[PDB]
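What follows is a single chain, given as structure tokens, in the form deposited without the ligand.
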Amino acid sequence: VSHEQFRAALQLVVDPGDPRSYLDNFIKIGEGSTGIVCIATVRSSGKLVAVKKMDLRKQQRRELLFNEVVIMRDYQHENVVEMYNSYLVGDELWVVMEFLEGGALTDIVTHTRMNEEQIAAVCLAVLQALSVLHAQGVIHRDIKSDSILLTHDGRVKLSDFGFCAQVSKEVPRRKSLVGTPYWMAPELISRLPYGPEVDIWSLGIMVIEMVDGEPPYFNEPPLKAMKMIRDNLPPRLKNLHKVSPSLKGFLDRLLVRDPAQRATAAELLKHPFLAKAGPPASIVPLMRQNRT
């Protein structure tokens, strides 16, 4: 538990130096579960990068910060935000990463209606990421609209890996209570050993976000919502009359209480609903800079 002991460990795995030596004009754009996010300008080029800053002292579980380094070093992908370099800056871990200038999906689902071509495009992109992550043993454990970032051209990428975990033949299940209340899988809230299926449940909840604008039981306090996820039947859309039977059938393979019966990322990529998926250009008009 020594802060300065943990600073020393982090120092051995991160890149040397201080990125303020080549970055200008830090501006805070977001706040996450483990820290804040800034936009910065690369002095030499004028390009923009993102900088996640995470205070070692504010972490509940300091050792999860290594997830940021583990993902950066070994699991890059088309639909995963790219991480360039990590630094120890005083008491903070800084990750210089790709700037997803179109913002988070949350700003879209809370201010406009997505049609199913856009929803299917989001789901397809997120499922391509998860099928590759799951195949290599990596569980995200914090899937929600806040964790889905967009390019200005509508490309969709997975972000915020600060809570992920690895499984393998020697460690086939995780047991940690991790995630965001309204999005957590039932077996996770039940403290059962779980695997990649919890990401599939969380994506189902995010589908409900895109249809309803908010996850189920969002008006209830977080602990009450978790008990209702644990004990009640799968949460239903508030607007079932507004989803095509194709979308409802997709969602039904997602929000299955028995994780053995839940569809996997690999299976879901074959579902007919994803044939509705539009190109990234179809997400562009949803973003704040382009809405009315």
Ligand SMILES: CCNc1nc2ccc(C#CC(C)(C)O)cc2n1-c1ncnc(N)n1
Contents of the next structure:
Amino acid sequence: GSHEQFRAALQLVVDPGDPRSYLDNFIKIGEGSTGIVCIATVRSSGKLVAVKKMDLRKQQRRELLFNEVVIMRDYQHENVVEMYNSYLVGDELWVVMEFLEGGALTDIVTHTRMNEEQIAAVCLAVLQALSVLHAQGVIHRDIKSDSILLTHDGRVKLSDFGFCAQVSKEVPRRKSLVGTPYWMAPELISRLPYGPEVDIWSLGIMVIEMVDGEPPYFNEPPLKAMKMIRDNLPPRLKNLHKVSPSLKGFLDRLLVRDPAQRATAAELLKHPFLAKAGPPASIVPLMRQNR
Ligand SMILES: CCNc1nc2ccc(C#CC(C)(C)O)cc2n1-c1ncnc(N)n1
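Next, report the structure of the form deposited with the ligand bound; the form deposited without the ligand has already been given.
Now the full complex is given, and it begins with the chain already shown.
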């Protein structure tokens, strides 16, 4: 009944029907937290959408599938990927969403060197999303360059809420070992009760990606890296001398070991470093087709 129960539960939240009957010409474009992502054409209108597809039978933790469709149900923000609908297709949960044509930030940080104007623009956008998400008690729990998608004109959206979690008065903190190792907050690796603060640390690591091209310890096996994150001082930038005093001071508010001292998203929105933030157009030349 285990499988049948998850199906029936999903059936009670997803939209009715088989979306395959309304979509043409599927093209696989990626792989996320809990399933693959494809784009396709909405036949009636000619518009392109993306679809995340999560097989119930290939999950380590099936209850994660509730995250996008329960926690993130009809969530709307200029810096969050817009989801349209969800469906149950055989054993797969499908989430139909807008197509972000600029791809992911990962492709940018692995192939180019962002300037601080571009870095600030990305941070500002993510912090705006996080302040609102955190205000509602949602923790993303997998902030990294992979989770950042871009429009053609350089606007930035937070993506892949497959691992997100809800806190509340009754569940003030989460405890589960969730994330991507190199980006994990120290308190989360130490298996202490944690909150929204973990997203702030992870953003700090994403800043290190934007500067160094990869998170710290990236060439170590993941378990060793987590041990190193857990036990050592905050990671240093390899290219510290290429970073302005403003960027450093900003980053120093993020990579704080003690989560109680770590700046919050709302606090960070006031940081002087973000005044440097360029417009959406500044990001454009970094994209693959433009470089
Ligand atoms: C870089 C490949 N594209 C891609 N990978 C994804 C993984 C997870 C989610 C995701 C997710 C949710 C928001 C359902 O949690 C979305 C992904 N996308 C992508 N690419 C272009 N447009 C769109 N919309 N998505």
